[PDB]
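Consider the single chain below, provided in structure tokens and representing the form deposited in one PDB entry.
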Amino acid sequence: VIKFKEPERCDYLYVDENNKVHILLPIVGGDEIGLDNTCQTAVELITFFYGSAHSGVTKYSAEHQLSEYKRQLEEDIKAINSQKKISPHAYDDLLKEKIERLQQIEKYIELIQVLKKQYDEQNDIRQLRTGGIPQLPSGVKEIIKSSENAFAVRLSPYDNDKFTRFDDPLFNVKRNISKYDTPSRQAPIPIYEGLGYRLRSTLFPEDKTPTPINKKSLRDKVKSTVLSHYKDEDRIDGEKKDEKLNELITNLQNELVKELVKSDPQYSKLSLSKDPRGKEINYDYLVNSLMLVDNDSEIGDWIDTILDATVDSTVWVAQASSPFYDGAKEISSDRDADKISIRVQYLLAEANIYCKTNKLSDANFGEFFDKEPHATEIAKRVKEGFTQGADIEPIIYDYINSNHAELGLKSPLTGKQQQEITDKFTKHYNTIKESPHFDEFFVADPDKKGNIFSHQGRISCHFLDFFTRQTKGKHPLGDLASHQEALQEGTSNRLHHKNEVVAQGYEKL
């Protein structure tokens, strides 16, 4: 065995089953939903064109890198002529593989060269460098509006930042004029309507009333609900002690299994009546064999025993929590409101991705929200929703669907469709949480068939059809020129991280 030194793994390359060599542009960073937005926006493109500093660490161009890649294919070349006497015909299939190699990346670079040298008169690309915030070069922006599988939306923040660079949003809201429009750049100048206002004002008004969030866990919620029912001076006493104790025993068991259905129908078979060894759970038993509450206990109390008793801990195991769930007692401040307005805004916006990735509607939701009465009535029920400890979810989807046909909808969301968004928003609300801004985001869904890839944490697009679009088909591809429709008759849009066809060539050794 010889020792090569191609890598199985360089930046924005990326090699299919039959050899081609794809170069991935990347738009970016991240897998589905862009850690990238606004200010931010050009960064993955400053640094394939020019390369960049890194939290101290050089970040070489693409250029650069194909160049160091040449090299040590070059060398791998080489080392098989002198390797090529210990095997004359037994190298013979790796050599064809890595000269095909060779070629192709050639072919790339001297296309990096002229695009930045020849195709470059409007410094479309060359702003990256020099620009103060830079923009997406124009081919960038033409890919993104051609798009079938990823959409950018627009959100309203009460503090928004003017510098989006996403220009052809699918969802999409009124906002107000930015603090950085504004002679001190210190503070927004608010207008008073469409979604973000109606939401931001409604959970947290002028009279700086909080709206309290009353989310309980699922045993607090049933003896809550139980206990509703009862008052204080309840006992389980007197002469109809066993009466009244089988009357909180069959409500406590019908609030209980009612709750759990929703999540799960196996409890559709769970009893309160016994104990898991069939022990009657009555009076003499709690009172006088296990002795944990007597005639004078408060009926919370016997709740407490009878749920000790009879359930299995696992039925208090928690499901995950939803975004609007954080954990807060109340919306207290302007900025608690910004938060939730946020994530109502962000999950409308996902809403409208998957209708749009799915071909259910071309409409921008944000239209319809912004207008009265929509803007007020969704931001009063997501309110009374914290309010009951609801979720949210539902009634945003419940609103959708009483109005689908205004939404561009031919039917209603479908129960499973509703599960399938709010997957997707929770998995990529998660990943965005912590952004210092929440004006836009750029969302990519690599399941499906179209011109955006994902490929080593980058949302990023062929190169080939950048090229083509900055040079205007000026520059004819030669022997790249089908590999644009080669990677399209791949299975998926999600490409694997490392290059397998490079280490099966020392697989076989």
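Whichever C-alpha set is largest while still superposing within 1.5 Å between the two forms counts as the rigid core. Numbering follows the first chain given and starts at 1. What changes on going to the form deposited in another entry:
In a rigid core superposition between the two forms, 308 is the single residue of 181, 406, 308, 423 whose Cα is displaced by 2 Å or more. Superposed on the core, the two forms barely differ at residue 79: its CA moves less than 2 Å between the two forms.
Once both forms are fitted on their rigid core, the CA atom of residue 130 lies less than 2 Å apart between the two forms. If you fit the rigid core between the two forms, you'll see the Cα of residue 265 move by 2 angstroms or more.
Other form of same protein, the form deposited in another entry, not the form deposited in one PDB entry:
FYI, this one's just the chain on its own, none of its partners or other molecules.
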């Protein structure tokens, strides 16, 4: 049993179950949302074609890595040959499979060479190497433009960056003139129209009035809502003390289950009239048995005691935090309002994506939301949402649903669909929240059918798809002509990082 040298893993390379080699051309780093935007958009393509340096480590080109891999295959084939004087036919399958991978690798290397040598007369590939802030090559742009499962979205930050590199955004909204298009390169020229401006100027207005953010835990909210219908002087006392306690219990229960059923319908059966042992919650029990309150206790103390006696601690366990509530107490600056503006925009963009990838609508939601009165109205509802500590996402969904037909949808979004958007929004926003620029993001869904894949932490297209478009059908693929279709016949656009087929050739001992 000789030890083989063919690597289990190679950048850009995927071997399917039928021993077909697929090279995945990267667009940007990431899994579902791209980690590169604006000026760095081209970095993965630069690396693929030429190599590049990252934190002092050289990342080599596809051609370099595939030539290394070829050398290793050739060593394995030689090693089989020498070992076949001693076991004349014991390695026949493996030798054939290895040669077939070698032939396919050599063909891909040739295709890269020929693209650069013969089919780049416009320097559309060479500009990755030589341009100041390069562009995606035209074949990648055409792939993106025709994708069914990945879309770019373009937002409006106050200090917008002109070097957007995704030209066919699904969601797009009016932007300022970038500072980089002005002579001093110091500040953008603002527009006083559209979604971004309405959000910013509503959340933190020219008069500098801070917008309070009154976010409460579920428990503090319930208690607060209930106590708004009482006043400080109210007591549980006098001859009608039991009627007053019953009304309190009833009000507290109603508010609590109202808030819980939003998250889970099981809680519609929650009751506060009894402890878990079936003991009646009444005045004597709370005052004389448990000794937690008395006749002169404030209503808020009565509430605390009722809840500690009747509600399991599992009910206060929080939902993961929304991106809208990061711990701040108020929106007290233009920067803060810009940050929140971008979050609202991003949520709208995620709804748009969900609607496009599920074939619910083909509209640019940003076009509707940029128009009056929608821009103003959404900003006002979100601002009010913050001052009430309400959930922001359903404010957006309700407005979308009220206007569903104008946004190109046949029906309103279901509760289920709303929760799906919310989870994608939360996860993607958390991945990109430390981006230097929020002007655009590329969002892929590799659980859906389409031309864009996830592989090795790159959002990618099939190299052969790219190659045929970039060379305008002038160089047909020969033996590789059905590889593209074979990759689509797979069960997922999320592809494995290592190649199990290169390990499981060996299992016959």
